[PDB]
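Next come the chains, spelled out residue by residue.
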Amino acid sequence: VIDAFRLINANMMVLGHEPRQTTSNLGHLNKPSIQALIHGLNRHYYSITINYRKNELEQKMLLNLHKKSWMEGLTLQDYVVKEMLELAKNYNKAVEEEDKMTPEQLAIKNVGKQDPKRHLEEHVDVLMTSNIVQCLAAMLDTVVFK
Amino acid sequence: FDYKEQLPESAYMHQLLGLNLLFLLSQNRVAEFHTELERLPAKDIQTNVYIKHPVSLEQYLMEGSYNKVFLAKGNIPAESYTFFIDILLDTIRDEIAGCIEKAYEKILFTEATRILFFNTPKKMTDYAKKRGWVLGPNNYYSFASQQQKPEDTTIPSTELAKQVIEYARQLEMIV
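Line order of the protein sequences matches chains c and d.
Quick note, the first sequence lines up with residues 156 to 234, 244 to 310 if you use the deposited numbering.
If you want the deposited numbering, it's the position in the second sequence, counting the first as 1, plus 82.
Just so you know, the hints here were simulated from the structure itself, not pulled from any lab data.
Heads up, a few of these hints could be off.
Unchecked claim - Here are the simulated distance ranges between beta carbons:
id, chain 1, residue 1, chain 2, residue 2, range
1, c, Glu250, d, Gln229, 42 to 50 Å
2, d, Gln228, c, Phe309, 38 to 46 Å
3, c, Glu261, d, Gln228, 50 to 58 Å
Claimed, not checked - EDC-like cross-link-like pairs, simulated, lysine to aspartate or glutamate; straight-line CA separation at most 20 Å:
id, chain 1, residue 1, chain 2, residue 2
4, c, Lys257, c, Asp289
5, d, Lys244, d, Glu254
6, d, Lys244, c, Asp305
7, c, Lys310, d, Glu241
8, c, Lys257, c, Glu286
9, c, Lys253, d, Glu254
10, d, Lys212, d, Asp172
11, d, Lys211, d, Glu254
12, c, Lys273, c, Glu261
13, c, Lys310, d, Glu254
14, d, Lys125, d, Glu161
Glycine included, every Cβ here is placed at the ideal spot set by N, Cα and C.
Can you make the complete structure from the sequences, with help from the hints?
Structure, rendered in structure tokens:
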């Protein structure tokens with residue numbers, strides 16, 4: 156939300172406020188454009204482009220401290245898993261059994277005139293990810309430990 | 083094999099094809115033995131008694147040549163198979179060996195196969211105790227636990243876990 160502004164002199168108003176030797180930078184400046192409230196008081200000031208300063212190791216430490224730290228990255232113990249999973253897998257499948265009736269309706273429907281049929285119920289990816297990751301606990305069972 | 087339509091019927095050819103059928107039993111080519119039964123469909127029909135003796139022997143062989151081997155040996159004193167019947171005695175089946183025997187069964191002479199024929203005499207002992215025990219590999223038949231008795235375990239679950247890695251990773255690999 157932060158923005159940077161520099162005033163333009165009234166004496167400078169007769170002269171062009173910002174002569175541009177580079178078209179591409181003006182185009183990058185053009186992308187933010189103006190805010191409606193800023194437009195109300197824009198006169199006597201000129202918006203100046205703000206960009207993040209180069210971040211390298213600084214980016215790297217936050218990057219290291221994002222998935223590993225800001226997001227859950229215990230890593231030594233990063234890998244519920246078999247306790248409530250049976251409830252979640254039964255519930256999503258039940259939703260699919262009701263949801264799949266809409267695709268059954270589309271195939272039976274002549275659909276000479278195109279109509280929405282509530283297809284793309286999906287949840288197939290959600291079931292696939294949950295069942296496979298829990299099945300991958302076999303690696304913990306016989307490889308990570310003994 | 084030669085097309086030779088002009089080839090005349092040969093008395094030697096009919097019996098020797100039957101001898102070949104018996105020879106296939108001698109080398110234990112069972113798939114070929116049926117291939118030979120197929121090879122002469124017109125000969126097999128009902129006649130060709132020389133061809134008939136090996137086909138009857140084949141019925142006995144799936145039945146277990148051991149039970150009817152005495153009948154097969156005396157079926158023909160001479161059918162031009164006199165050398166071949168000696169080979170048939172050589173090809174006496176000992177596949178019944180995978181069973182309890184010696185003390186635990188003691189006598190297998192009831193089946194009548196030559197190898198297990200004779201209740202306990204040295205002639206029976208020579209076949210029975212050949213290489214220590216018949217064929218000679220595996221545990222001694224007298225103290226044998228019926229057979230190899232290999233058994234199975236549920237330790238394989240760790241091996242199945244290794245199998246799980248391959249199959250599960252593939253389902254994810256497809257994406």
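Handout entry: Enumerated hints in conflict with the structure, sorted upward
Key = 11, 13
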